[PDB]
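*Asks:* The lines below spell out each chain.
There are 2 protein chains.
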Amino acid sequence: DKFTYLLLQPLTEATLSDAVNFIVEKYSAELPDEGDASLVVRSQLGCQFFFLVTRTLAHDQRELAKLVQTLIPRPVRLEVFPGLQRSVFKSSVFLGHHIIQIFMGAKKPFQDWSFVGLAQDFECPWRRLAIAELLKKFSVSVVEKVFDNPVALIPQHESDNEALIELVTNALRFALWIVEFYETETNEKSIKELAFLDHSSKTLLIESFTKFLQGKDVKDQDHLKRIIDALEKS
Amino acid sequence: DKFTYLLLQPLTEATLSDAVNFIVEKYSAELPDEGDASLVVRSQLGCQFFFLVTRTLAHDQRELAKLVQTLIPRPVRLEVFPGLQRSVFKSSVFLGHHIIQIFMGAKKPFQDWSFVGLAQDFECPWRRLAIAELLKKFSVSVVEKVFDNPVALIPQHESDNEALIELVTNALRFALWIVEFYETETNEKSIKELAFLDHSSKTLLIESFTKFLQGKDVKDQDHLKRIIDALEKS
Ligand code: EMC
Ligand code: EMC
Ligand code: EMC
Ligand code: EMC
Numbered sequence: 005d006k007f008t009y010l011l012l013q014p015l016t017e018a019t020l021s022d023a024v025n026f027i028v029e030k031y032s033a034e035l036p037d038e039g040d041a042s043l044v045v046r047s048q049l050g051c052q053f054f055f056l057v058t059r060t061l062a063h064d065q066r067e068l069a070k071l072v073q074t075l076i077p078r079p080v081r082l083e084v085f086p087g088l089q090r091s092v093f094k095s096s097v098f099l100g101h102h103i104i105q106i107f108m109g110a111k112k113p114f115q116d117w118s119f120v121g122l123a124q125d126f127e128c129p130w131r132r133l134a135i136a137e138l139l140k141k142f143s144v145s146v147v148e149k150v151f152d153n154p155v156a157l158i159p160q161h162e163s164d165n166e167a168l169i170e171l172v173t174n175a176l177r178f179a180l181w182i183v184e185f186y187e188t189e190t191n192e193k194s195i196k197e198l199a200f201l202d203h204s205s206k207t208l209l210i211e212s213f214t215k216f217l218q219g220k221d222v223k224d225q226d227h228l229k230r231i232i233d234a235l236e237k238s
Numbered sequence: 005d006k007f008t009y010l011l012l013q014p015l016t017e018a019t020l021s022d023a024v025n026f027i028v029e030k031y032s033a034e035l036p037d038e039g040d041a042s043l044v045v046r047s048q049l050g051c052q053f054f055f056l057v058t059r060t061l062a063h064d065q066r067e068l069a070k071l072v073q074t075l076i077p078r079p080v081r082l083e084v085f086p087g088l089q090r091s092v093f094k095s096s097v098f099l100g101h102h103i104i105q106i107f108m109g110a111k112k113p114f115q116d117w118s119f120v121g122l123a124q125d126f127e128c129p130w131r132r133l134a135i136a137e138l139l140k141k142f143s144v145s146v147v148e149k150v151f152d153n154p155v156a157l158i159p160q161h162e163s164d165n166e167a168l169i170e171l172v173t174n175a176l177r178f179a180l181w182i183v184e185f186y187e188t189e190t191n192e193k194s195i196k197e198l199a200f201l202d203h204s205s206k207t208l209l210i211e212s213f214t215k216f217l218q219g220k221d222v223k224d225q226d227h228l229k230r231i232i233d234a235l236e237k238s
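These protein sequence lines are chains A and B, in that order. Heads up, the first sequence is in this note's numbering, so the first residue is 5 and it goes up one at a time. Heads up, the second sequence is in this note's numbering, so the first residue is 5 and it goes up one at a time.
Check each hint, because a few of them may be wrong.
Which copy is meant is left open, because identical chains are indistinguishable; a pair holds if it fits in one copy or across any two.
Stated by the list, open to error - With a straight-line cut-off of 16 Å between C-alpha atoms, the simulated EDC-like cross-links for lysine to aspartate or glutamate are: (1) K149 to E170; (2) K30 to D5; (3) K223 to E187; (4) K140 to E184; (5) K196 to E170; (6) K111 to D64; (7) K149 to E184; (8) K193 to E166; (9) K215 to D116; (10) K149 to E187; (11) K94 to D40; (12) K215 to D233.
Worth flagging that the hints you see were computed from the coordinates, not collected in a lab.
Throw the hints in and build the complete structure from the sequences for me.
*Replies:* Structure (structure tokens):
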């Protein structure tokens, strides 16, 4: 009751901090145990965190998204954000936010890729894996039922919840495509995996990127038109 | 020199155990450190393990694949196989082996899904995530260059290496499709993600599964024809 109240509230820094504290109190409750029953319970509580992250991304409150990793205790943080996921979470959040907002139509803009260290994380193949692992976790937290009671991805938006999740998960999939096909975008096999995208989605992406490359670093620009050209061919 | 010698050898239990020991000695060398430079080095060494796993799968030596997790020290094992990945590795190996062999054409057969606990791991959404995370790691270990010197996925098979990796990674992708679209196979969006599959691949899958459902548990059978029907529609 105390929990379901919070999750249903409008998304603020207050409602976010209290919720994470509750999950952690619940998450902690499994750390003394080390069996298999403990791991599955912990694994669900873990993606309850990512639900809250995915909510913030889809609600255009990215500053709240970064705050999630802060409210999480270090031992819990080591298990929820394993290894290199910890180091690239800042970049993953930005990447997921950028794409999701585009898919929701948000008339731009988004910070540089070479400034927020996102373009840097791309050039490391092991950082792309840790980013991809996070994007995947973002996606599954809103597809699966992480709570024992149904919760809308965006508060108050019940009747359109199935539509929102569909939209968000597609965005999180295209963000996953950018990662896995870095510098191999225009290759035939890479383009075949753009078949999932709606035709309107591609146009929204082509436009938002074409408008996003203006004045940017050449490296980011060439990265973008590799993406755009891959969109224009699918 | 000592390393590259081993990896190039024919795949046996002897050559596999020594290699894992070398990676671990190298992997250990980063555990005392906890910086960011340590994490990337460790993250690469980690997917060197999965390269060896992916080699065993593609070489139809699945018993060697399971042995990998055994030769890995528990502290190293906690970081390479995080959380629930540890518990479902046995299932992931089998799933990856089953599909890869099919893609390589191997005229069957493969153990039950309800016997090896694979069908059981499916019914848990958090186990599917841990399996998907492993399948993804299997795939990226052979796409990326995990060693500082080029190594063929299958020893002696140099000129056909790009072809093998292409084949294996597609299999590991279809194994990834089975996981993420469990009990939602025939849905339109799930079918659109079968576009990557070659037409011959689909037929090989349809046939190998049609022959795999004979006499099986009803649950596995209904799971299979959901897969087959999703293949027959794409
Ligand atoms: C709560 C068992 Hg996956
Ligand atoms: C730790 C993500 Hg369920
Ligand atoms: C070896 C730095 Hg990613
Ligand atoms: C721990 C997989 Hg590079």
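*Asks:* Indicate, hint by hint, whether the structure satisfies it.
*Replies:* Each hint tested on the structure:
Only within a single protomer do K149 and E170 lie at most 16 Å apart by alpha-carbon distance; the minimum there is 14 Å, versus 35 Å between protomers. Only within a single protomer do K30 and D5 lie at most 16 Å apart by alpha-carbon distance; the minimum there is 14 Å, versus 50 Å between protomers. Taking the closest pair of Cα atoms, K223 and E187 come within 16 Å of each other only inside a single copy of the chain (11 Å); across copies the shortest separation is 42 Å, beyond that limit. In this homomeric assembly, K140 and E184 come within 16 Å of each other (Cα to Cα) both inside a single copy, at 12 Å, and across copies, at 10 Å.
Within a single copy, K196 and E170 get their C-alpha atoms only as close as 20 Å, which misses the 16 Å cut-off; across copies the closest is 14 Å, which meets it. Proximity of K111 and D64 under a CA criterion of 16 Å is satisfied intra-copy only: 12 Å inside one chain copy versus 52 Å between copies. In this homomeric assembly, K149 and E184 come within 16 Å of each other (Cα to Cα) only across copies, at 14 Å, whereas the closest approach inside a single copy is 27 Å. For the identical chains of this complex, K193 and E166 are inter-copy neighbours only, at 14 Å across copies versus 30 Å inside a copy, given an alpha-carbon limit of 16 Å.
In the homo-oligomer, the alpha carbons of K215 and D116 lie at most 16 Å apart inside one protomer (13 Å), although the nearest pairing across protomers, at 53 Å, exceeds that limit. Taking identical chains as interchangeable, the C-alpha atoms of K149 and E187 lie at most 16 Å apart only when they sit on different chains, with a minimum of 15 Å there against 35 Å within one chain. Taking the shortest Cα distances, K94 and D40 sit within 16 Å of each other only across copies (14 Å), while inside one copy they are farther apart (31 Å). In this assembly of identical chains, the alpha carbons of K215 and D233 lie at most 16 Å apart only when taken from the same copy (14 Å versus 42 Å across copies).
This entry satisfies every hint, going by the numbered hints stated previously.
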